[PDB]
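Work out the full structure, taking the sequences as your base and the hints as a guide.
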Amino acid sequence: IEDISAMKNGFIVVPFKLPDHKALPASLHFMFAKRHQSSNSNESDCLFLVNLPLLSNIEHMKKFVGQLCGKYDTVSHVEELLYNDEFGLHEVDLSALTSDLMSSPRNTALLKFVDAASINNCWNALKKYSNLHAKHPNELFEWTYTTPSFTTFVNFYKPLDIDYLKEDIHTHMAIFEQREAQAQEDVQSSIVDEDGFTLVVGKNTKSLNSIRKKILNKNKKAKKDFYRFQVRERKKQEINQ
Amino acid sequence: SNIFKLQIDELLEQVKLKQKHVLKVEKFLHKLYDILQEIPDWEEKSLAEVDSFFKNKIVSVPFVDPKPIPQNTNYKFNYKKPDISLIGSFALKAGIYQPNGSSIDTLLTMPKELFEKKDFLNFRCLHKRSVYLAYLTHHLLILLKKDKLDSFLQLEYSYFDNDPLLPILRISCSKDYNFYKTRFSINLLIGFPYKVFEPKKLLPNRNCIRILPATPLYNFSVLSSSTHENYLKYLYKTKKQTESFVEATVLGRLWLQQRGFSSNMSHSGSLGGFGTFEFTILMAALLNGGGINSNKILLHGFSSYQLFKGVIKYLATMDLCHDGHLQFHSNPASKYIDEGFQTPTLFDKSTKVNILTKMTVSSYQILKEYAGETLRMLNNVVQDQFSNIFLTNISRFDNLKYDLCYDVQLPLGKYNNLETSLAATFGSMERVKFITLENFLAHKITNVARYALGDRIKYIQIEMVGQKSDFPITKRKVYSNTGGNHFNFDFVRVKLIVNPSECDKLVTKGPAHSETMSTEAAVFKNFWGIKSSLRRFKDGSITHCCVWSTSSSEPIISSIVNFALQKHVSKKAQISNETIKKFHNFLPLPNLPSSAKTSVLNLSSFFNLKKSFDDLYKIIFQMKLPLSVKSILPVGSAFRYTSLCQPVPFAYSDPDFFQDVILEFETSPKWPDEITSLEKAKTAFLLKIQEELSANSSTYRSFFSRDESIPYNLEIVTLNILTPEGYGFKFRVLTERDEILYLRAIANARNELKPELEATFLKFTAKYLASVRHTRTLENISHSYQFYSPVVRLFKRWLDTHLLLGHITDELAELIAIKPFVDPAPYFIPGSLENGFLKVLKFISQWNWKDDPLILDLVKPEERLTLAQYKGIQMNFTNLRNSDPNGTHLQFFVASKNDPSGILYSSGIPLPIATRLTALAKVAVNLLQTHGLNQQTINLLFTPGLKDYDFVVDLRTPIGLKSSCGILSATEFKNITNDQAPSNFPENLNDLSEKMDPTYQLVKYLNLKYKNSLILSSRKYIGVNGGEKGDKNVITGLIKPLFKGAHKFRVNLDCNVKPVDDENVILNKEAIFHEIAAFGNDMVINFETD
Amino acid sequence: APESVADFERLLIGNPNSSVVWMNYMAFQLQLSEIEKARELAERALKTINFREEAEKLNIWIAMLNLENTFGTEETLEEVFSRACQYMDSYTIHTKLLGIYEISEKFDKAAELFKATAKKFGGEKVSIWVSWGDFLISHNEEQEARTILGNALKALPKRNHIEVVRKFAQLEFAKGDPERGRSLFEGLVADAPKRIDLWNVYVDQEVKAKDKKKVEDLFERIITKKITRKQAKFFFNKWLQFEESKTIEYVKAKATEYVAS
Amino acid sequence: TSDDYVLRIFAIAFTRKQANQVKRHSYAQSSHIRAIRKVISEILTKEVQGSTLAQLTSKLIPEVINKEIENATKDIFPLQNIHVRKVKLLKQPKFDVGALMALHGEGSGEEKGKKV
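Protein chains in written order, with the entry's author numbering: chain RF, 3 to 27, 32 to 110, 120 to 234, 251 to 272; chain RE, 100 to 274, 282 to 317, 326 to 445, 453 to 983, 1010 to 1237; chain RD, 1457 to 1701, 1706 to 1721; chain SC, 129 to 244.
Keep in mind that a hint or two might mislead.
Stated by the list, open to error - Pair by pair, the computed Cβ-Cβ distance ranges are: (1) 311(RE) to 217(SC): 53 to 59 Å; (2) 1667(RD) to 209(RF): 29 to 35 Å; (3) 224(SC) to 1015(RE): 24 to 30 Å; (4) 438(RE) to 213(SC): 36 to 42 Å; (5) 1236(RE) to 229(SC): 53 to 59 Å; (6) 1576(RD) to 879(RE): 30 to 36 Å; (7) 1190(RE) to 26(RF): 19 to 25 Å; (8) 207(RF) to 166(SC): 38 to 44 Å; (9) 229(SC) to 635(RE): 28 to 34 Å.
Claimed, not checked - Heads up, simulated DSS-like pairs for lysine-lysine below, C-alpha to C-alpha not over 30 Å straight-line: (10) 875(RE) to 24(RF); (11) 1151(RE) to 24(RF); (12) 1664(RD) to 875(RE); (13) 19(RF) to 688(RE); (14) 1581(RD) to 40(RF); (15) 68(RF) to 1158(RE); (16) 228(RF) to 1503(RD); (17) 1581(RD) to 1151(RE); (18) 981(RE) to 214(SC); (19) 1576(RD) to 875(RE); (20) 174(SC) to 981(RE); (21) 40(RF) to 19(RF); (22) 240(SC) to 688(RE); (23) 228(RF) to 875(RE).
As the list claims (entries may be wrong) - Output of the computed footprint for chain RE on chain SC, the stretches with three or more beta carbons under 8 Å from beta carbons of chain RE: (24) 212-220; (25) 231-239.
Since the hints were made in silico from the structure, they are not lab data. In this text, a Cβ means the ideal position worked out from N, Cα and C, and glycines have one as well.
As C-alpha cells, this is what we get:
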C-alpha cells in the first residue's frame, strides 16, 4: 500500500522520488517527521525526521522547502540540521574530551526554523502532503537533486588545496596559542581564594582544568615491641601456646 | 609430564576394545586351524601333470616371474601337513581398529622333508611355494564349499608386503554367522623351516643365480620366510621384561599409519617400507643395545613414553644407513658399528638377515627426518602438541605431505617390448640385483632424480598409482592392462619436498674442469650430454654446468625432471602437471621488463621500490626542519613483501600503491596539548617539508590527503610523494604525545563510551605503534621462509575473489599465512606455492574459535615466547572469551610476541564474514579430498562463489584498469601494453581519482552507514579479478537475521523503511539499491536480485 | 519453546540489543536459581549491548535492581547501585529503584532513603516528591506528608513552588484531605487567578473527587473571575458536558449573556 | 636486537658548563650520575630493542640517539656533547644468505660462453 498517511506514534510519512536508473524504471524514499523542542536555542521549534536519505544536507532541504513553498505557498526558511551524524563520524568529540577549547539521538535529523508559526504552517502542510502522497504518487510534492554527493563525496581521492589548509593552520594556531597562553598565565596567577587561601599551582603547569582533573584522578610504622601491654600480650601468647 | 600421561591413557582409550570383538574371529581361526590340522596330505608330483591338474579346474597357480619351463625341472614337490603357527600381532594382543582392518600373523611352516641343502637359488623353492599355496587354497575352498558357509566368507590371493616373491591368502568376508564388524581380513602365509644354513650363502653379499652381484630382496625374502621365530621368542621375553610394549607398539602404529608408513615396500614404488613390526623389533633390540659401548640404551623399568622417545631419538640422530648401523643377535651385547652398508640396515648375528631391507635409502631419509622433527616437537616444553603428533592424518591428503607432485604417463607395453620402449638395461644381471621391471624402474627413477637435482630437493619419494595387489584366484598374476602397459601401475607419481633456498637457481654447477677428465666429469657428460657445457664464472674458475631458461609460470625443476627423464627412462614418457601451472600464475603477472621470464622468488620490484625509498630517505634527512626528523621508517606492504601485485612504477590504480612510511620527530616538550592541535601541527610540519621539497628537488612531487581510518579526528592529514622513479609514498607523522593523549581521552571520558574509545585506540595502535614491530618481524622472517611472499600474494588473491578484503585486513591474512610456516607440527616448512597455499587452507578449515587461540612465535628455524608469557597469553585468551560467550564481535584471536593482546588485528570484522571464511575453508578442503586435485578443481575453487545472497550490484568504471594497474593480462603482444602503461605522472593532479577506482571508498562509507542492518562486501583489487579487460566489480552483501521479516518501527531501529503496515515496517530494497545507484550512476551498471 | 540455554544463546546472538529476552534468559538462570551466574550473564549483557540503546539499558537496570532487591545482599545492592549511578542517569535510576521498592513492599529503610535522596538531589526534581508524598498519604502518614511541605518550600524556588504544591494538592484530593488541598490551592488562587490550566485541572480534580456543592461554587465563580473569549467556551464545554454526563438553562442564559456584556 | 645479534653498545657523555655560570667547576653530584646513567641505559636499550641491525646502523649514522639522549636528559643536567663511540657485536644469529643479499640487492650468477 501507499495509502497510509500517518504512523502510530505521531510520525508523518514523507516519501520522495528516485532518478533514472540504468536497471529500474519506484519513486519512493520514505522518511518520518515530528514536531518537538527542548530548552536550548539550538533546538527551538524543531522537527525530527527519521530515515534521512544519503547526504540530504542543508541545500537539499532548501530545494525541498522551495518546492513546498511553490506548492502550498507556506512560510519556510531552513537553517541547519543538528545531529547530522548519519555516517558514524562525530559521535564522540576528542577535542572536548581532552581539551579546554570548545568544552562539552540516533541517525535522525533535527531541523529548526525561524518561527513557531512557520513550523506550524509547515507541519500542517506536511500532514496534507502526507495525505496527498497517500492518495496519489503522481501529483506529489518532490525534492530535486543537484547532488553535493557528486560534488564532494565520490571523488575523495583529491589533492587538498594548499592555500586552504595553510590559512586553516594559520588561523587555528593563531587562536589556539592565544587561548593556551591566557589559560597558562591565568593558572600561574590565581592567588586569591574568596577565604584567604592561596592555590598551590606547581611550576610550568598550564591549566586550572589540568590540575583539577589531576586532583580528581588522584583519589603507619607501629612497633611490635617496646610497650608494656604489648610485651605482656606477647609473653601471654608464649605462655598459652 | 603431568598431562601427557593422561593424554597417553586417553589415546589408549580411543581404542580399548580388545576383548569383545576378538573372540568371534579367533574362534573363526580356531575352526580354520582345526580344518588345517585335518587337511589330508599328498606325496611327490610332477610339474608336467600338476599343470593340467590345475588347468582342468577353475583355480590356477601364481608364479614368480617366470613360469618354470620343464627343461630345468629337477625339484621334487610335496604337499604336506603344515605345522600352523598363530603368532605375531594379535597373539601379542596389540589391537587397533582400522577401516581396512588389522591382521593376525598366521604361518603354515614348512615340514623338514621337502627342502634340501640348496634351497637358495633359481626360485624353484618359491615355485614350490606357489603351487603348494595353489593346492592348499583349492583344498580349502573345496572344504568351505562342502561345509556351506561360502555366502558370507570369501578368499583372495594377495602378495605379502606387496612383493611378488610371496603370494599369500587374504581371508575376508562380505555382507547368523556373517562377520562384518571388526578387522576385515586375516592373512595366511607360508614359510620355511628355521635351521637351514649359514650366512655365507644367506647374506645379501652373495650370488648363485645365473648371470656375483647382490641378491638383496631374494635372500631377504627367503630368510625372513625361514628364520622368524627367534623374533617372537625375543618379543615375548621383552614382554616378560617390561609391560610397556603393547602400548608402545600401538603408539608406533598410530604414528606410522598417520605418517602412511605401512608394511608394503618402498622398493616397489610405494610409500612405506618401514613397518610397525620392524618398529617393535628395533625397539626390542634398543632395550638392550644401541650404545657405542654396546650399552643398555632403554632400561626395561620405565614407562612407554620414555622408551618411545628413546627409539625416536635413536632413529632420529644416530645413523643406520650411511655412517654406522647396529648389529645384534637374538640368541651377549648388541654392537653399534661405525661403517655403513649403504642401505637402511641393522644386522643380526643369530639370524643373519637385514630387517630394514624392505625400505630404501629415500624412505630411510624421510623417516630419519620425520623422527628428528618429531623429537624436536616432543622435546619442547613451552607448548604441548600431542594432538599434533598423534591426531593428524597427513597421509589422507598426499599433496599436503609433499611440496610438489609430477606424473609419469608411460605406455611402455610388454615385458618383451622393453628395449625400444625404455632406455635402461635388461638382463639376468639386473634381474638378480632387483626383482621386476617396476622395481628396477623405481630404483632407476630414484637414482636419476637425485643425480638430476642434487641438493635442490630436500627429499624424494616415488610411488606407482594404479597398483593392485588384490589379484584373483584364477589369474596367475595381476594381469592388468594399465593404460599402455601390462604392468601394475596406471601411472608413476614422483613427489618431492624441495630445499626452497636454491630451489630456483638457474644454473647447476657440476664438477670443476681440469685437463685430466675425472670420473665425475665423465658421469656429468654422459648424464646431461647435449645441454651440458663448461663455463667460466665471474671469479675465474671453470665448471661444467647447465643453464636453465627460468620462467614465471613454472619452476625450473619441472623442465629439469622433464629432460632428465626423457633422456633416461623413456623418450616417450610424458610428464603431466597442470596444478602448478594453473595457480602459479594466479599471482598477477607484474608488467616489468622480462617478468614473465623471471622466477617467482625474485623480489627485484620490491628492491627497486626500496631503492627509490632510500633516495627519498636521504633527501628527507639532509634538509633542515625546526624540529628535525628523529627516525623515518617504512611500514608498508611492499616493504614487508606482501603486496598483491608486485609494485611496478607509475601504477596509480592499485590500492596497495601508496605505501605508508612514518616519521617520528625529536622528543620535544613543546608539542601542544589536545589532539586536534597536535594533528594540526603535524599538518604544519608536513606542509613545511613539502614546501622545501618543491623548493629544492623539483623532480619529486607532493600532494596532501585527508585520512579517515583513525576515527573521530577528521583533520589527520598525510602527504603523498610521487617520486620520479615511479612510486608513491604516504607519510604519517608520529609523536610521543599521541598514545598518552589517547590514554588521557580514555581516562577522562564518560563511562559508557569506554569500549568505543578503546576501539579507537585499538585502531590507532594498530596503525601507528605496533605495526612497526609487525613489519620488522615479518620482514626479517621472509628471508628464512622463502615462499611466504608468494603464499601471502596467493591468499590475498583468493580471498579477494571470495570477497572478504573489504572487511578483513592484511595482518590477519599475514599471520594466517605465517602459521604453517612457523608451526610445521604435522608437516614441513612449505617450499612450494601449492603446498603452502593448501597448508593455509587446511589449517583455517581445522581452525576452531572457542578453543584454538592462534599463538605465534615469529622466529627463524633452530627468540621465542617464554613459558610465563605463554601462560599469560593463555590466561588472556581464557578470561577474554569466557567473559565473551562465543564471539559476538571478537571472532578471531591472533597473538604474537609483537602483540600480547591478540585482538589487535581482528577487532572489527563481522560474524557473517568470519563464518563465511571458515565455512568456505571447510568447503574447499572436502572438495579437495573428494573431487581430487585437478586444474578444473583449482579453477572451480577459484570461482568467485557469489552464492547469491540478497543482491549483486555490478560496477563499471569507464577504463579497464590493467594498464594503469600494471599487470599484463597474459597478452602475447608486450608492446601493446608497453605503450599503454602511462609511465609518467600526470601534470595536473586532480585526474588521479578518475584514473583510480572509488569502489572501495564507496563500499566502506556504505558499510559504515548501514552497519547495523546489512553488511556489504566487494572486490578492491580490480585488475586481478575484474575480468581479462579488468573492469568489473561487485557489491555483494548479507541482510541481518533480525531484518529478514518485518519489524515494528521505533525511533531507533536504524534502517531505511518501507511503511506498508502502520507499525511493522520493512527495509525498502528498491530505495536502498536506488540510492546506491544514485551514488554510482557513473559506476554501477547492473543490479541482480536473489 | 525456549527451554534450553543453547536456544537462549542462539536468540541473544540473533539479536543482542533486545533486553527483554536478555533479562528473560537471566530470569531463566533465576528459574534454575543461579544468582552469581545471573550476575555474570548480566555483566556479559552490559559489555555486549550497543550502549546507544538507553531504553534497553534502562530495562537492564530494572533487571539489576530486581536481582539485588529480591535475591542478593543489600551490600551488593548498594554496590550495583553505585556502579549504576556512575554509569547512567542517576535521577531516573533513583526513582525507578524507589518504584521497585514500593512494588517489593519495603517501607522502613525506604522513608530514610527518601530523606537521603531529597538531601542529595530532591531540591530540583519532582518525581521524588510525587513518590514520597503518594507513599505517605497511602500508608497513612498524613502529618509527615504535610510536614514534607516545609522542606518542599525550603528546597524548591518560586519557579517550582506552584507545581510542587499543585501536585501536593492533586495527591491530597485523590487519596488525602480535600480541605487540606483546597487550603494549599487558594493561596495560588489569590496569587494568580488568570492562570487557566491550573483552574481547569482544579475543577477536574474536584469533579473526580465528587464534591457537588464545591464544584458548583467553582464553576459559578470561574466566569466571575477573569475570563476571555476562548476561556468562556472552554469552561462551558467542560461544564455543560460535566453536568450532562434544573441547573442547565441557568448557565445557558449566562453563556449567551456574556458574549454581549 | 630484534634479530639475534647482541651488542655491548656504549655511550659517553660530558657535563656542559651552563650559560651565565660563574663557578669553574660544573661537577655532577654523583647522585645525578646514577640518574643520568639509568635514563641513558634505559633509552638506548629501548632504541636497540625496537630495531633491527640495519635499522640500528641507519639510525646511528645521522647521529640521532645522541640528540635523543640530550633531549630526554636535559631536564636533569645540561650535558655537553653526547656520543656512543662503540658498538661491539658479541653473538651473531646465522648466515641467512638471502637476508644478506636483501641488504644490498639481488643477483643471479649465470652463463659465460664455453667456446670449446
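Here is what the structure says about each hint:
1. 311(RE) to 217(SC): 53 to 59 Å: Once the Cβ atoms are compared, 54 Å apart, the range 53 to 59 Å for residue 217(SC) and residue 311(RE) holds.
2. 1667(RD) to 209(RF): 29 to 35 Å: At roughly 55 Å between Cβ atoms, residue 209(RF) and residue 1667(RD) fall outside 29 to 35 Å, so the hint is violated.
3. 224(SC) to 1015(RE): 24 to 30 Å: holds, 29 Å
4. 438(RE) to 213(SC): 36 to 42 Å: At 53 Å between Cβs, range violated.
5. 1236(RE) to 229(SC): 53 to 59 Å: holds, 55 Å
6. 1576(RD) to 879(RE): 30 to 36 Å: 31 Å Cβ-Cβ, so the 30 to 36 Å window holds.
7. 1190(RE) to 26(RF): 19 to 25 Å: Once the Cβ atoms are compared, 21 Å apart, the range 19 to 25 Å for residue 26(RF) and residue 1190(RE) holds.
8. 207(RF) to 166(SC): 38 to 44 Å: For residue 166(SC) against residue 207(RF), whose Cβ atoms are near 42 Å apart, the range 38 to 44 Å holds.
9. 229(SC) to 635(RE): 28 to 34 Å: Since the Cβ atoms of residue 229(SC) and residue 635(RE) sit about 31 Å apart, the hinted range of 28 to 34 Å holds.
10. 875(RE) to 24(RF): violated, 45 Å
11. 1151(RE) to 24(RF): holds, 23 Å
12. 1664(RD) to 875(RE): Not OK: residue 1664(RD) and residue 875(RE) at ~51 Å, beyond 30 Å, violated.
13. 19(RF) to 688(RE): The hint is violated at about 76 Å.
14. 1581(RD) to 40(RF): It holds: about 27 Å lies between the C-alpha atoms, which stays within 30 Å.
15. 68(RF) to 1158(RE): holds, 29 Å
16. 228(RF) to 1503(RD): holds, 27 Å
17. 1581(RD) to 1151(RE): The hint is violated at about 45 Å.
18. 981(RE) to 214(SC): Judged against 30 Å, a Cα distance of about 28 Å means the pair holds.
19. 1576(RD) to 875(RE): holds, 27 Å
20. 174(SC) to 981(RE): holds, 23 Å
21. 40(RF) to 19(RF): Holds, at roughly 21 Å.
22. 240(SC) to 688(RE): holds, 25 Å
23. 228(RF) to 875(RE): holds, 18 Å
24. 212-220: Coverage by chain RE is violated for the region 212-220 of chain SC (0 residues, Cβ < 8 Å).
25. 231-239: Holds, because 6 residues of the region 231-239 of chain SC bring their Cβ atoms closer than 8 Å to Cβ atoms of chain RE.
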